[PDB]
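Next up: a single chain in structure tokens, the form solved without this ligand.
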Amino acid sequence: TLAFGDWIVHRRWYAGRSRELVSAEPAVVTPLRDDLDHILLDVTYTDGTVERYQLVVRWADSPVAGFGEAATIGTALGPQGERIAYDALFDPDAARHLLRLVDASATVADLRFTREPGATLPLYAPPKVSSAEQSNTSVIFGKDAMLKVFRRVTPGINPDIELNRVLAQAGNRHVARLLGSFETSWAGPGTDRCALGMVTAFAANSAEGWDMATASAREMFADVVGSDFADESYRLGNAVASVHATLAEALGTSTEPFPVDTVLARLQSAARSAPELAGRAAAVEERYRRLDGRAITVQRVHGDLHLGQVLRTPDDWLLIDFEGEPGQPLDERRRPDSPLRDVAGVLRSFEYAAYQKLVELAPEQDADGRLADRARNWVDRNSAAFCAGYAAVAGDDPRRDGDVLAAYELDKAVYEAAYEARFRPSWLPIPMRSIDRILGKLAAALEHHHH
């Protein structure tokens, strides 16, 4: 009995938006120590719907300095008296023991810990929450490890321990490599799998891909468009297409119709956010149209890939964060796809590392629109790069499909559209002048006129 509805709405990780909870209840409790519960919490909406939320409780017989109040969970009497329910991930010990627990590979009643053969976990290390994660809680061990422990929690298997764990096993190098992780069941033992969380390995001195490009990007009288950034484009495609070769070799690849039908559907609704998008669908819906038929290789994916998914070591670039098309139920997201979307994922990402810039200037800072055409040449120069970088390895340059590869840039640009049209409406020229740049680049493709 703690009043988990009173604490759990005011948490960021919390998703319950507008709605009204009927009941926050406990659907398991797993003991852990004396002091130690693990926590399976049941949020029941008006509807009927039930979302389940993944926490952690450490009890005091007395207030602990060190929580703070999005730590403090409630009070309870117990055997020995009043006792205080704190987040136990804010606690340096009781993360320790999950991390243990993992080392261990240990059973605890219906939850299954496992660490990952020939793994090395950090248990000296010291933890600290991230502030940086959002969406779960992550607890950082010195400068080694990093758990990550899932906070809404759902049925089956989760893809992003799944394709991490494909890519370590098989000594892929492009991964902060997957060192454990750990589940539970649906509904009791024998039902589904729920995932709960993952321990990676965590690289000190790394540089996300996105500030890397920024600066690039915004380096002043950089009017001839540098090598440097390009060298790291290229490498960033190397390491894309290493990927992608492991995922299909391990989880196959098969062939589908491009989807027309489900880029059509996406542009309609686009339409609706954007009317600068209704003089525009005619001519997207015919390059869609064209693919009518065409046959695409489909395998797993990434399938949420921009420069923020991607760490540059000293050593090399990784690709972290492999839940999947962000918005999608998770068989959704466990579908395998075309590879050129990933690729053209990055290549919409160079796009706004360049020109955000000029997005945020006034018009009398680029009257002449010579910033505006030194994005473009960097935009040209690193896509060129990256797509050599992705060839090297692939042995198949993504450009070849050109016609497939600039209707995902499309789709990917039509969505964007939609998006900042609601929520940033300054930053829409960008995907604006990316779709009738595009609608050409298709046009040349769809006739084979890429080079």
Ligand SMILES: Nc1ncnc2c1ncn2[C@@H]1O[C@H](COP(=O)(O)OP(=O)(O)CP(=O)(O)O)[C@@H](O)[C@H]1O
Contents of the next structure:
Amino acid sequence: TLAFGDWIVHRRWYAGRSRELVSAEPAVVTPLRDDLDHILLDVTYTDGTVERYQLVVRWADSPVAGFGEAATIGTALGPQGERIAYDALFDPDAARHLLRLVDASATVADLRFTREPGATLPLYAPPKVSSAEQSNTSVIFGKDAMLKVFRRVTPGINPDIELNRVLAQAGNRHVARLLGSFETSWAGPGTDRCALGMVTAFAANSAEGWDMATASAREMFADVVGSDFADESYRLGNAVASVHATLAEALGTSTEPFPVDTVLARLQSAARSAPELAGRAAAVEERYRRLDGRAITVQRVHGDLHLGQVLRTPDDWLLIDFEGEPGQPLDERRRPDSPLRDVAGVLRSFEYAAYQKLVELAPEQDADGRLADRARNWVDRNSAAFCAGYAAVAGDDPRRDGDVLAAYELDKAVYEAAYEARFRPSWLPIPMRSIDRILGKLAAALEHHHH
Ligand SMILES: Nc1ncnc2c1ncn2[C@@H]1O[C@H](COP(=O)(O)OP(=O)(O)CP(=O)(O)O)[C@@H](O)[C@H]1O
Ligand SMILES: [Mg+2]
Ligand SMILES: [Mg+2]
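Please move on to the form deposited with this ligand bound, as the form solved without this ligand is already shown.
Next comes the full complex, this chain leading.
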């Protein structure tokens, strides 16, 4: 036995928030080696809720040097005497062992590992745990592959694994290729599946779209917007449309009414967080209600798309992180949606990339608004390029259904406003400006005045 509860509450991936833990106990312990245990740990709260975490424990008969305090779980008596329990994901040999189980498509008790057909795993490469802030734990093997081990685990089909598999197996080149994964059952053999981790090809020497965009939007004296990042935005549009096309073919398309009631509920909630919104709520609602009964085509989509979710390798843009929007339940995250909502996500991201500069400057540094003008011009140029690149692949310009597109942009801006009002008041002018602009964009498109 180990004092799991005392250890887990200090971990950055632990989501207990401000809650009292009743118990933290292993639901399932699966030996991998004589000194390596896979553990499904159930944390029970006072309201009776249970949240399950995945832990891999490396046992040692004496203090091992390389483990930090955060990787030290506890101590316990075993058959040969005292043992120390370490978080095995920080052990190179243990991480390699997991990768080997994936490589072999091994089954260990109720744990099912699978290597994607034809995939090669870098079993020789040095494993190093990612230092990047996240809710899971990732081990990078050399420059070749990333093993992501999920911390909080839940029942059902994992959309990140699911959609990456579809895309990779269809030969889509705009993903970091899924190389393998592993899972178990929720309540023993014969019950709901539970995804545990994934292995993906590591995109070495890549840049995040957000970093490239902000660099472009910060270039001094760039009053005449350049063509280089527009070229990149066009290529990114190609990539997003390509991903959408593969997903549409594999997982189908259908039609639904535009979700007026859903976006209205989000508006009502947002207006409680951002009082600034009440002055615009009537106008937003009118635009949404004009779409009542509008049929929209939906399909499986990325679901949380922005410039932080795309990587530029030396050869291509890749889309990563298909888990869906962080706050939604799994069934909702696997629902089809409009591809235009993904497009809207990128357009919002361009807006923030350009205007972050302005909210960080003092008023006196842009008294005549010329940097603001440049930001607007940069967003317009790159948004147009992105949409054109999308159109080149889709064979249909997202701006054609401009009313639906603008409504999704508006819904995102309303959500952003509520967020900034709560967490970052100085950023609130960004979505508020967007709302006024998009209100006009949407009004124009509803009258079919858009180009
Ligand atoms: N295949 C790959 N090759 C190279 N870098 C990758 C990669 N997959 C992810 N990354 C990088 O690793 C980091 C983590 O990416 P990820 O999409 O998991 O962030 P995230 O913020 O969504 C974590 P969480 O969802 O838990 O909050 C990012 O900096 C991302 O650019
Ligand atoms: Mg991400
Ligand atoms: Mg993520």
